[PDB]
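K.L.:
Letter by letter, the chains look like this.
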Amino acid sequence: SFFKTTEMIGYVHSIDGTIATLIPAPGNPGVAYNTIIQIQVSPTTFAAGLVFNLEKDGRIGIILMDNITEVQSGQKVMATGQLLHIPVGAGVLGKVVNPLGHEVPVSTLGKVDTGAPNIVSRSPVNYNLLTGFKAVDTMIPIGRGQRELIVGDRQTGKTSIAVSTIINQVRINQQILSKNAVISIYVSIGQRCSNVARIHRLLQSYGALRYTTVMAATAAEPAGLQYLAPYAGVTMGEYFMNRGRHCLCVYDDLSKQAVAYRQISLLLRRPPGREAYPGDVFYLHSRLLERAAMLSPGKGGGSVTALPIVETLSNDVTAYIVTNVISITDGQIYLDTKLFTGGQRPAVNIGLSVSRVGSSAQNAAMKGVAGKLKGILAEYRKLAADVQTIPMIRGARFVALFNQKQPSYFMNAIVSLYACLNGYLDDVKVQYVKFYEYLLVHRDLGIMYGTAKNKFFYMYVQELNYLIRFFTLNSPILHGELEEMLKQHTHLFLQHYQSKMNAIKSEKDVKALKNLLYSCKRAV
Amino acid sequence: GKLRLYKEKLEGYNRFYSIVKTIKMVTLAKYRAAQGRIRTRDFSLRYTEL
Amino acid sequence: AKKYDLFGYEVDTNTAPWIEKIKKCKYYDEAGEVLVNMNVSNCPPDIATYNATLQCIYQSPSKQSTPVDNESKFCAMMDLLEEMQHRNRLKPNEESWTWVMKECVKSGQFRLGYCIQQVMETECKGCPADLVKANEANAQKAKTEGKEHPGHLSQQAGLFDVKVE
Amino acid sequence: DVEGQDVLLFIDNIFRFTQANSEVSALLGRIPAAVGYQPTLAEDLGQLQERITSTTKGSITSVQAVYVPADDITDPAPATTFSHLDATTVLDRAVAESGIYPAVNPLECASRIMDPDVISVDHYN
Ligand SMILES: Nc1ncnc2c1ncn2[C@@H]1O[C@H](COP(=O)(O)OP(=O)(O)O)[C@@H](O)[C@H]1O
Ligand SMILES: [Mg+2]
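These protein sequence lines map, in sequence, to chains B, Z, U and F. Residues 44 to 149, 161 to 440, 447 to 584 (full-length UniProt numbering) are what the first sequence spells out, left to right. If you want full-length UniProt numbering, it's the position in the second sequence, counting the first as 1, plus 2. If you want full-length UniProt numbering, it's the position in the third sequence, counting the first as 1, plus 23. If you want full-length UniProt numbering, it's the position in the fourth sequence, counting the first as 1, plus 270.
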């Protein structure tokens, strides 16, 4: 927005790309620290900037934000005398916005510089946050208010897993009360411009823009905006948090923010340390991520969940910026490059990944199945290194089930995992697990004229999702009815559908089998 | 450069240990099967000596 | 009578003022906005408050003036039960699940109704009859008219030929 | 923009842009960042690479060469560039010396259009 001028504090002295220093005007008024200042580039137009250094001389260090080409030495500089406030609310949703607050074409304000909730203000994380991935939601479960890091190399699926987590909320958010809706805030720090456009279209096609707002500071835009972009993202989320609603914040990515902050610090002669970063580069990410929290019952019980992305270079966690963010966040979701190329997508390295508040974060139903999966995959991984046991059979099917492009619905995920847990996919081969899972969710073999006779439990009825979340699968209400559905599905799949594999040994049928099975990997 | 290659050298030896440990453990199973013999043996070739 | 939060501070048990706000409801998304405002003013939802909300979900149309995509009074209703049972630690009484049974027969989703009468009969040991026959009527209504399941998906013999979309 | 046309651009080499700026940046009196490059390394590539794009008016289709100094892909000059690209082609020395030309290591490579929607299903599989 058009900021509010007050007093003419000085003239522009030097410029060095996106940084400048001022000389004070006669009188020496002295602007306040960390405030916005408007530089008169022309009589009609202004150019914003943030104050970073207040030198003994009277000179004031500026980080340029807008109209950087139009800034010149000798221009007048007006001060606001206020911290950066931005447009925030429900009206900002479904739109792209700068860190300064201007909308990109394609509501009471809130402070970007704000202290995090104190000790008595927060509470333990209990509400679950579904990423929509069987690998993540079982083994590395994210709670509402948690800070869960996403680390890995370039092209390992760091953005996709973060974006699909936002897309996973639409199916719930549409059906549920808006009080418990997960409003998302995708912050795009230092990314390419067309990448933001493709995410905008991808969010629009899945109805995500209704429950999402896109913070954007692209690679063309200066370091000042990139530095400030995650802070503006949290500010927009804190509105929902402080007003008793749950929120999600993706920073993509904090690696490029740090590089932008390093540029600012080095250009203003701040003493550099490890890998040329300033002393307070840890403090940069720490005060950002700590503002993400789960508030108490006394202050609404709202939340801001954080999904910071941090790019690693050739699986090197020992880098300064990566090691800093790991020590701040509540565990991570590590994406391995060898698993990506190997086949497993999302390429979630379960051994390297971890959630520090996993058990309490999960749903009662999801906690039942997932507790066993840790025991099975632990024994499977050990026995794979060092003759097929029951753990070896069932463990391998879980690995096949974890592969998925788009996010799974909570009902469709937990039932296909429950089948593998109790051992319904033991006689079914490893290559035909996705064909087995597809025919479970979309189709149904019992109803496919014959041995049905279930009174309520079917997979076409998506509304059972919320009954399962209340009572769990291991419960007298749903246990007997569920085990019918799976018994009908296995016996008919093995008899009628899996019988083809002994048969099909010819050209134009082996290829038809492949193209069928490859498409089954995408749709869960 | 040096940070990556010394890690990949170390990753090389990690795979080396795991594969050689597979031979170790597999040959234990064969050694357990093979030692089912030492208790017997020898008395079969009594008149073979003569 | 008296109550304390997780830290041990005093908490406002005065529920009745916030109940009458939920009665003036009009559209059921406004009930959630009230439920937020109680918690904000250190006043946790009572067992009667959840039932008063459940009433508003049944009576009104959906969110507000405009319709949302894939509306589901049942899914909004069953979420609120999950909140009171697990997180807030409150067992829903006989009134709670009777509001759920009404919405199954009203909207026509009988298949849910079969599952929830099993729930209402077990544990909470009560069979409300009135709605059981109204639910069974909708079950026979689907059979005699045409078919009960989706229909186009069920009859179509797949076996190798299944569309991926 | 003006003539409204599909155009090709060929930058050999984009590292030499970054390296040229690294020389002046020292003499301008800026403190160097990681591995002795300019502190504005990401910003220099930002303003250059963002201009290279398909607008509504026309369409640039830029092939670029990127020198990886000392065969160190973690170096800032290539590492920063990787984020900007649509098809990242990575050439390995061990692949070249083994006899395979072109020396393309396919595991480190990637493309955005490697997707069942854009290319055919038979191509992707
Ligand atoms: N779960 C998945 N299944 C299949 N392909 C995926 C999955 N996640 C990501 N991809 C693919 O990997 C490529 C890179 O994904 P991206 O999220 O951009 O990774 P990064 O953020 O690490 O660069 C994309 O072309 C995308 O289609
Ligand atoms: Mg990315």
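Any given hint might turn out to be false.
Each computed DMTMM-like pair below joins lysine to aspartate or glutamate, with the alpha-carbon atoms no more than 25 angstroms apart [as the list claims (entries may be wrong)]:
#, chain 1, residue 1, chain 2, residue 2
1, B, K513, U, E168
2, B, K513, U, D92
3, F, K327, B, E146
4, B, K574, U, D184
5, B, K392, F, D356
6, B, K138, U, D92
7, B, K571, F, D385
8, U, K125, B, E523
Please keep in mind that the hints were generated in silico from the structure rather than gathered at the bench.
K.L.:
Below or equal to 25 angstroms on CA atoms is what counts here, so check F/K327 against B/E146.
P.N.:
Measuring from Cα to Cα gives roughly 23 angstroms; hence the hint holds.
K.L.:
Within 25 angstroms, alpha carbon to alpha carbon, are B/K571 and F/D385?
P.N.:
Cα-Cα ~20 angstroms, so holds.
K.L.:
For B/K392 and F/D356, compute the direct alpha-carbon distance and say whether it is at most 25 angstroms.
P.N.:
Holds, because 21 angstroms separates the two Cα atoms, which is no more than 25 angstroms.
K.L.:
Run the distance test for B/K138 versus U/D92: straight-line Cα separation, threshold 25 angstroms.
P.N.:
This hinted pair holds, its Cα atoms lying about 20 angstroms apart.
K.L.:
Quickly compare the C-alpha distance for B/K574 and U/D184 to 25 angstroms and report which way the hint goes.
P.N.:
Judged against 25 angstroms, a Cα distance of about 13 angstroms means the pair holds.
K.L.:
Need the status of pair B/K513, U/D92: alpha-carbon distance at most 25 angstroms?
P.N.:
violated, 32 angstroms
K.L.:
For U/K125 and B/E523, compute the direct alpha-carbon distance and say whether it is at most 25 angstroms.
P.N.:
holds, 16 angstroms
K.L.:
Hey, B/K513 versus U/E168, does the alpha-carbon distance stay inside 25 angstroms?
P.N.:
Distance of about 19 angstroms is within 25 angstroms: holds.
Hint 2 from the list above is the single one not met by this structure.
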